[PDB]
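With the hints as your guide, set chain A' with the ligands onto chain A.
Protein chains: 2
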Amino acid sequence: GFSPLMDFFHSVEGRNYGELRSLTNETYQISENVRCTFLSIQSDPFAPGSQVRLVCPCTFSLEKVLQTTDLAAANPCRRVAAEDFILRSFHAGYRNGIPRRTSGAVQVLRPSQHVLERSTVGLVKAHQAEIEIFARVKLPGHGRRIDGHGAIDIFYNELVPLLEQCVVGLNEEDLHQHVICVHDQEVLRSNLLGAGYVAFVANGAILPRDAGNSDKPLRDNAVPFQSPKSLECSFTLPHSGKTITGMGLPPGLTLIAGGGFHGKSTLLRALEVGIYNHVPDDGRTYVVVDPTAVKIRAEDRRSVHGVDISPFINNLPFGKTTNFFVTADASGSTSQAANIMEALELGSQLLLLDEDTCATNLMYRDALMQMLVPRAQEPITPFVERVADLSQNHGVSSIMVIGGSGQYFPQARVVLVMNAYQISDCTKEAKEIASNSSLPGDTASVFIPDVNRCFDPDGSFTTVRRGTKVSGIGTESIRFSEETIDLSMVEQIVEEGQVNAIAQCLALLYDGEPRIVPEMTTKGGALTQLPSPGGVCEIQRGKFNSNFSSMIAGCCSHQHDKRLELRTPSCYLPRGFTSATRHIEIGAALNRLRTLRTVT
Amino acid sequence: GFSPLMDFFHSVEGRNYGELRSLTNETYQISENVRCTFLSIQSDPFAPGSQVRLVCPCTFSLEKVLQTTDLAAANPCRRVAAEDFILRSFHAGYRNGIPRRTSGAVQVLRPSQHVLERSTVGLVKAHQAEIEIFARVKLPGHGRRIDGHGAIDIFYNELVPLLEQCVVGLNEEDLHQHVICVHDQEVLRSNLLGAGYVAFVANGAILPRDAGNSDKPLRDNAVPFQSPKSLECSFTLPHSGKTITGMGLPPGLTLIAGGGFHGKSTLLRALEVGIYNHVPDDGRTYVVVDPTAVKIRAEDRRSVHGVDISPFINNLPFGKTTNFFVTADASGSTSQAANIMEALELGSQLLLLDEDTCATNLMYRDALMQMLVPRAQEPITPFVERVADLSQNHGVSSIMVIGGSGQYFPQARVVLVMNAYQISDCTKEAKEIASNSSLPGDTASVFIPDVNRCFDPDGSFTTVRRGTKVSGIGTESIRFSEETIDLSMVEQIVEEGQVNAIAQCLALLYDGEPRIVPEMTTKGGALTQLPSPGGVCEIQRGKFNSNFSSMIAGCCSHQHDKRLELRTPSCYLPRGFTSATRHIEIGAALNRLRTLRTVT
Ligand SMILES: Nc1ncnc2c1ncn2[C@@H]1O[C@H](COP(=O)(O)OP(=O)(O)O)[C@@H](O)[C@H]1O
Ligand SMILES: Nc1ncnc2c1ncn2[C@@H]1O[C@H](COP(=O)(O)OP(=O)(O)O)[C@@H](O)[C@H]1O
Ligand SMILES: [Mg+2]
Ligand SMILES: [Mg+2]
Ligand SMILES: [Mg+2]
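Protein chains in written order, with the entry's author numbering: chain A, 50 to 176, 183 to 495, 501 to 526, 532 to 665; chain A', 50 to 176, 183 to 495, 501 to 526, 532 to 665. A prime marks a further copy of an entry chain.
One chain only, chain A, in its complex shape:
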């Protein structure tokens, strides 16, 4: 009894392509363990693929893998990891030539090295559990006639063997080990703060990435990571029962110095993605940071609206103000200042900076220049004069790659040096250098944690009313009607599915606007915890808050409640192409909308 779908396609062979519409909302049993529901049908063969939901039984033990017999009680971190393993096993089927033929007609979201919650694969209650996988399938045509034999080949000779062999026939022991490792990664990260660290870098980690675009670990001539002994510490990982050792970094300022190309940025990049759990053989596994960490850099030409950058830029010429700063075209230093103050507003407790991509004028200032141009005639206060304030008064740590100056040596708690990819702790040497040279707080903090900033939907969106489609373009941008929001320098976005999540939230605001703003604001404001990209709901620290950030957190939480598919009118996406992202990245995107208007 698996032939009805084939019998259908045989019946419409050669007929007008429009007649495919009759598949809409029908479900077919196409093999013993595979059902397929058509969620939508392409209007013609050149349109984007028809969306389907494919369903298989869950054949592994829930008790062994998820530690419960009841699916609804399962730890979301383990459920997410299991969905991520199934997704990888599906794609591995293609790589290993499991389909009898590969049509090129099937599109399923391809995961990065990171283990994110995604709408692609769901472990759900059976219609005991089943597995749903969402895909788009280009139903072939000859001109405007249906290629029924071509369609039959896709379903019966491609999707069926893949799902039967790679999903129904998945290796349960590999699945279990994947899920243990991910759960231990998440428990390790969540133990950092309590143990007195902002970051941990496992011994044996392979940090550099291979050549090109795979983001896979460098396969040859890689120097495994080895902690300086002065910083080495050990964590027990309860799910695998293992003990891991590596470099712990304490709160305060850590500097990473060393020659260009000696491994500094590679270490820092592993830290930036340390907010995500990784596939087990990734190399950066158990390299973790505070989940609110934000990569800060210069970003000249971006727009800014209503951000208080007065801690870094103040006293402009001609009474111009920076307490509610607005620009359509930021410089290096003003973009970086705005990036910092926006990250603080969205709650980041750890700033990660790389001198190679910061604005010099915000990083450094030497004594010679101050004699020529006195501080009172220089609007810009460098980060070195604010970094201790952030840390001591607001508990915000900083990790900074540096190479050009020793001006941070006195402020630093730890100074690392990378040389030929080997790391040393050189804190004592640096302090001696600073003390033997000619370098230079119950003082009111310049940082105001109660930020006064509210989204103005009317002013933000009105320009654009003059369908209203919001869509994600790769990982690089969002088209918002005729506007383009450039995300290419929001560096902790790792999957195009996350840009789709962002687009949905921005459209939600557009489609909901008057009442949705206060509602999301109230909802986000009442939250004590937010979902991480790994599906786990963590406690929110830090005193920084604002209506704008609470509103963003409410959107993000609401998208999580809707399983990453908001289905709002102005953002139409095929189902199963969205990946979880922090409310931080959703706010980063709205901050960059060129028509943005905010108000006090």
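Some hints could be false.
All copies of an identical chain are treated as equivalent in the list; a pair is satisfied when it fits inside any one copy or across any two copies.
Stated by the list, open to error - For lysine-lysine, the following DSBU-like pairs were computed, each having C-alpha atoms within a straight-line distance of at most 35 Å: (1) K174 with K113; (2) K483 with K297; (3) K271 with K375; (4) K193 with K534; (5) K193 with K271; (6) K483 with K375; (7) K113 with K375.
Hints in this document: simulated from the structure, not taken from any laboratory.
Positioned in the frame of chain A, the structure of chain A' with the ligands alone reads:
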């Protein structure tokens, strides 16, 4: 006898849109002083507009305006300026509501503030001179039927009144003054080097730009430019007979310091566009620099192929080399080093740098850091240790906006300080600061003027053979088949017509490839002069040369000989949408092609 075109459109009213093809290559006299030739006809009403050539008599005195009675003998600088004035007068007609109705169907290239040679408007021999203007016109349809009345309205009630009133009826005295001023700008710039300067900034200049996208001068609260007396000098402008006074900058290193937002970058931006003549009321008029000046900045993530960056980055770990450097993903410092060495190869004798957009690690290094990480373990040599070499041994000057360090004070010839938009010469103060502090050449130059670098068309293009359309996207990029060449940080591109010129040259190489490489190389190598963007053919200085740059100069020269319309197979453009660009920007684009391959 002007009704035949109307009679045609009346005859095809309501007929199939395909029948418009019969207009191809026909010419119509649509008023006493206006002819219109259809160069191509849209295949349907949704296609890009049909291209037309519109021709009017030249009614001003050639002798008065161009100083000759024979068009072919006219100075190209004056001919270009006259074409640019006609183009502006045409667009001004729209602004002033001259057409009886504005259909929105007519597209003619819109000039920037700069006076470039363009294929849009030509002063040509009469079929005594006439004026050609190239346009695209969307011939309206109702569904797939011809709207003949709509077309008649465009030609007879829009283009005819515009051309009759604004081109045939142009103000000859305004035209003359435009042409005098432009010619004086060009003569001023070409006199710089001989007089001992690399830049001149006229007194009375208004440098800041108004809010937003117009690039017009700031209309309110602008502080006119006033030279420090120590640098003030005077030039006589022979065409107007006037004498202009302003700040002359001598060869060597000039620093521009002062607080953020006190006017430094605004001065530097006026210098970067000082390679172009400007419309007379622009504000930056008579602000000129060496015509080979290049804006240098950091540009992380660009690709580089076969560039010797060894003067800045050398002695990497593990015998990696930088004498023929290759990367798919440059850092801040490596992109900036490559930008510098590529500009030198293409012949630039003046580097313009803004600290706010440079890579810190290439700009600066202090003594404290050198004690922690000795110079021998640091691949990166900062620009401050190479800037005197460039200047003394190769005659390459530098003008740099700085704010973070006094480390360049000893090397500088001139130190300017901007405060509240007022400028001072503070060279003496800076030198005293450096001498009273603790700061630190028949030495072999590290810079090799005989660059060894050849374009490899086979390796560069082969990937992309797997129509081959090359096109310009605004001023931001070129689509080269499925490749995208990002030009958004090639900052002296000022018109989308220039990106079209670039695209034509790149397609020329693609379409011509084996034999075209040696031919262009030989042609560019033999040139003693190249055409400027203003249409004037200047003498090429400096010893830097390579096969790659000669090849680029040959392409640029050949495009100039073809009046900015190459008509190569892989780059199809409507006629009249191209603007002159230096061979420097054409090479900048090819340098950034991600499949680029070069060879020694
Ligand atoms: N542990 C390692 N083993 C092998 N190669 C490495 C390692 N760490 C970094 N690299 C490689 O060295 C090169 C330069 O590294 P990077 O950290 O960019 O240096 P920096 O940021 O100090 O300029 C990169 O191509 C990187 O992949
Ligand atoms: N001569 C002037 N008159 C009026 N405004 C000016 C002048 N020069 C610059 N400005 C304005 O001051 C602001 C900051 O100028 P900018 O040169 O960017 O400073 P910096 O590069 O020193 O940070 C800009 O908006 C600019 O338009
Ligand atoms: Mg680096
Ligand atoms: Mg960009
Ligand atoms: Mg600036």
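Against the structure, the hints come out as follows:
Taking CA atoms no more than 35 Å apart as the test, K174 paired with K113 passes inside one copy only; the shortest distance there is 17 Å, against 89 Å between copies. Taking the shortest alpha-carbon separations for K483 and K297, only the intra-copy value of 33 Å comes in at or below 35 Å, while the best inter-copy value is 67 Å. Taking the closest pair of Cα atoms, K271 and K375 come within 35 Å of each other only across two copies (22 Å); inside a single copy the shortest separation is 48 Å, beyond that limit. Taking the closest pair of Cα atoms, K193 and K534 come within 35 Å of each other both inside a single copy (22 Å) and across two copies (26 Å).
In this homomeric assembly, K193 and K271 come within 35 Å of each other (Cα to Cα) only inside a single copy, at 30 Å, whereas the closest approach across copies is 51 Å. Taking the shortest alpha-carbon separations for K483 and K375, only the inter-copy value of 31 Å comes in at or below 35 Å, while the best intra-copy value is 44 Å. In this assembly of identical chains, the alpha carbons of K113 and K375 never lie at most 35 Å apart, being 64 Å within a copy and 50 Å across copies at closest.
In this structure, only the earlier hint numbered 7 is contradicted, and the remaining ones agree with it.
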